[PDB]
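The chain contents come next:
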Amino acid sequence: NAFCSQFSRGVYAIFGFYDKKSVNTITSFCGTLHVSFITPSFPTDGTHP
Amino acid sequence: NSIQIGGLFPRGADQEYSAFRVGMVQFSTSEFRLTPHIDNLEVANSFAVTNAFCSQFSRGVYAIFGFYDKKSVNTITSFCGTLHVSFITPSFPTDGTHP
Amino acid sequence: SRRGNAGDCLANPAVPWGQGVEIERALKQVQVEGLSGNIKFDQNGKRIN
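Protein chains in written order, with the working numbering: chain A, 49 to 97; chain B, 47 to 145; chain C, 91 to 139.
Be a bit skeptical, because a hint or two may be false.
Computed list of chain A residues with no C-beta within reach of chain B, every gap over 12 Å [stated by the list, open to error]:
1. 54
2. 78
3. 86
Label pairs and their in silico Cβ distance ranges [claimed, not checked]:
4. 79/A with 97/C: 14 to 20 Å
5. 100/C with 137/B: 20 to 26 Å
6. 71/B with 105/C: 28 to 34 Å
7. 93/C with 62/B: 25 to 31 Å
8. 97/C with 70/B: 33 to 39 Å
9. 74/B with 98/C: 35 to 41 Å
10. 88/A with 57/B: 31 to 37 Å
11. 139/C with 64/B: 34 to 40 Å
12. 106/C with 106/B: 41 to 47 Å
13. 70/B with 98/C: 29 to 35 Å
What the hints contain is simulated information worked out from the structure, not anything from laboratory work. Beta carbons: idealized from backbone N, C-alpha and C, even for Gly.
Using the sequences and the hints given, assemble the complete structure.
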């Protein structure tokens, strides 16, 4: 709901952190809504757009 | 009366949905009846897992049947712990405890 | 400048916006210098060099 709040506001990119228990919530949404996501957290394994 | 539940089924999961209908016909009663709402989805896409979840919370279901994968296991447990809806599943068990 | 209103995240069907494809290609084609050193990216989003 913090993701969908800012996507309701309209943004061009989102900076933020994820964790292990939330990483697939991020990598699914950024694949879907095509909103880029810059982050310093641990690297996801795979080829994520 | 007629009660409403929600169903989350993977594409390619033919037999389990066939096993779902056999269970409904046999365990049906005359007094109280259960009404499913079935959805077919990819289960690794956690958007679609989220999209199927909030669509059925808009329906006002009483409990939810569904599966999950490694990609979506955290999506369900964070939702059902928050939105206080029960989720029954044949998937692999979550490590730790989740309400 | 997609001044058209983004709407919610729960769209049926959820639709992207093609100027989002423009953003990440700029984000991957950045080689600057920072605190860690040479910031060189891949097509994936991971760091190299």
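Structure-based check of each hint:
| no. | hint | verdict |
| --- | --- | --- |
| 1 | 54 | holds (16 Å) |
| 2 | 78 | violated (9 Å) |
| 3 | 86 | holds (20 Å) |
| 4 | 79/A with 97/C: 14 to 20 Å | holds (18 Å) |
| 5 | 100/C with 137/B: 20 to 26 Å | holds (24 Å) |
| 6 | 71/B with 105/C: 28 to 34 Å | violated (39 Å) |
| 7 | 93/C with 62/B: 25 to 31 Å | violated (46 Å) |
| 8 | 97/C with 70/B: 33 to 39 Å | holds (37 Å) |
| 9 | 74/B with 98/C: 35 to 41 Å | holds (38 Å) |
| 10 | 88/A with 57/B: 31 to 37 Å | holds (36 Å) |
| 11 | 139/C with 64/B: 34 to 40 Å | violated (53 Å) |
| 12 | 106/C with 106/B: 41 to 47 Å | violated (30 Å) |
| 13 | 70/B with 98/C: 29 to 35 Å | holds (34 Å) |
When held up to the earlier numbered hints, the structure conflicts with 2, 6, 7, 11 and 12 and fits the remainder.
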